[PDB]
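Take a look at this single chain, the form solved without the named molecule, given in structure tokens.
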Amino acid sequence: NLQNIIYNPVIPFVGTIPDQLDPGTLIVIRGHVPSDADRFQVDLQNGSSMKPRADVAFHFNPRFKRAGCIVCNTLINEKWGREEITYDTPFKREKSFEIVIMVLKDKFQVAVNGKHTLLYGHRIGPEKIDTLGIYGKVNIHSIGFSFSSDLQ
């Protein structure tokens, strides 16, 4: 089962991820998109500073204008790289969602609402990730984690 759970956080949320992001690690984020949303993002970061801004290994950015999309990217030394855009977005204003990010050796895999959504190859070594940030127009119900070290 998921552990290290956070309930109903204030957004923006910035929290230390409780263990290393080894292959098989799961980050599970349940929430809903508010009626007025333009975009939100989930960022897996190397550090927590907002200024100068911490590197973002994996930026997962649902956008809601027109037909919507999900933009993924990486921020290194305050510069964004090439966007990878997934156009068939499952997210909808006023609807709840579950995001499951799984770390693999060479990429992240993301499923939304129980269906595979996208892959994103590592551009920063995942061992450098220590922080989860959630920003923008989104209402988070819970955040939970699964690590290979979890006891039960």
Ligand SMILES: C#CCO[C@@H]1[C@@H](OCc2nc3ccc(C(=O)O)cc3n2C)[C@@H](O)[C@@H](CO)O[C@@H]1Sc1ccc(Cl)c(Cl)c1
Given for the second form:
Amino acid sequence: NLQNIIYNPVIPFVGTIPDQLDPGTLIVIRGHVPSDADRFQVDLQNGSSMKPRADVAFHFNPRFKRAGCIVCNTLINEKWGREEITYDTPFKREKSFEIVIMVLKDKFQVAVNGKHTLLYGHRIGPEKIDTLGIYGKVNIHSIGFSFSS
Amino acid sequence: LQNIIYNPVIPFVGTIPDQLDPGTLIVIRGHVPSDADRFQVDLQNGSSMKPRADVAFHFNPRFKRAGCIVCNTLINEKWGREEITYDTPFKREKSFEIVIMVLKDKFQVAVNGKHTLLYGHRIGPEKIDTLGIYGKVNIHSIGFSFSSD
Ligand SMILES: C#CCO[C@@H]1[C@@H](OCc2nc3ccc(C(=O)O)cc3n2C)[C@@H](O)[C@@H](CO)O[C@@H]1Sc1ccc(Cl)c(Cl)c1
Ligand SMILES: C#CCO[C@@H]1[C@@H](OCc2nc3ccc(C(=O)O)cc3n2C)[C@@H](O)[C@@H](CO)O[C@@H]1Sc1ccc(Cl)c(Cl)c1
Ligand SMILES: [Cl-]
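So the form solved without the named molecule is up there; where is the form solved in complex with the named molecule?
The complete assembly is shown below, putting the previous chain first.
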């Protein structure tokens, strides 16, 4: 029942999100981490411009060096805010994943492979998000949505 | 614990010890007395009484008739356009939890876990340094979760 399901997008991927990220909306991203990956990111953006760079309401950034981590942040007017670093990370080079981002009224709730991973409080209203960016060293098998509208 | 106060005498005026950066939460728990006419939560630029400090965000439940919430901004001792919410969760002799979420372009307010209203910034939130609570209300606690922490 997912909506706007696409497969194997070319990376970097920048796509217009097909409906509003109302509370209850899911973004479902399946993929895998390449063996030489250093990092990738999933960015929920207000616009697609590269100059001035579009605000990033939610930057979800797995990093694989050393024991690995996930960094989350927001870009406002081309400046990053406070990093929220999650050291309990489910991602691994060579492991496939399913990311589910649930939009709540006050935060995002992210699960990976059916298990809760992290929360991230809103800094930009989620109604301003209209673009999904996926960048870095990653293969994305599929993207789909479950809209709450 | 430096960012919470319990059972403040009303009127309460306190300096906010960090910036209301996007992502910051203000959580106010309390109870409305049986004879209340109104109370207000004011996010202020300073604490001056003469001349009266600007109020970036005046959040003002009123109990007469069917009740409402009035929101407004005071700049140089002049009130702007009132934003009136008729769907109000406040009642005499009822408890509440207010959550004010500071976003890039607005405040988002939820009471008792239910969305209540939005209020677009009219004064930059970086100018807010003081919280006031006035009127007929009992406050159990005020807490801040700063997005810089
Ligand atoms: C690496 C690096 C440097 O920059 C990253 C940010 O990444 C920017 C970014 N956007 C991209 C889009 C596409 C691609 C691509 O490969 O196509 C690569 C991209 N990179 C690296 C971000 O992760 C950001 C998250 O906080 O962290 C740093 S900046 C930074 C540093 C310290 C602090 Cl304390 C704070 Cl707050 C912030
Ligand atoms: C009642 C009353 C009159 O004034 C309020 C404002 O409240 C001022 C105020 N500040 C206080 C601080 C402390 C205490 C206390 O009891 O300790 C009481 C306070 N009061 C009443 C405001 O609610 C303001 C919000 O718009 O509305 C009115 S003015 C007004 C009238 C019409 C229009 Cl159309 C427009 Cl735009 C504006
Ligand atoms: Cl916003």
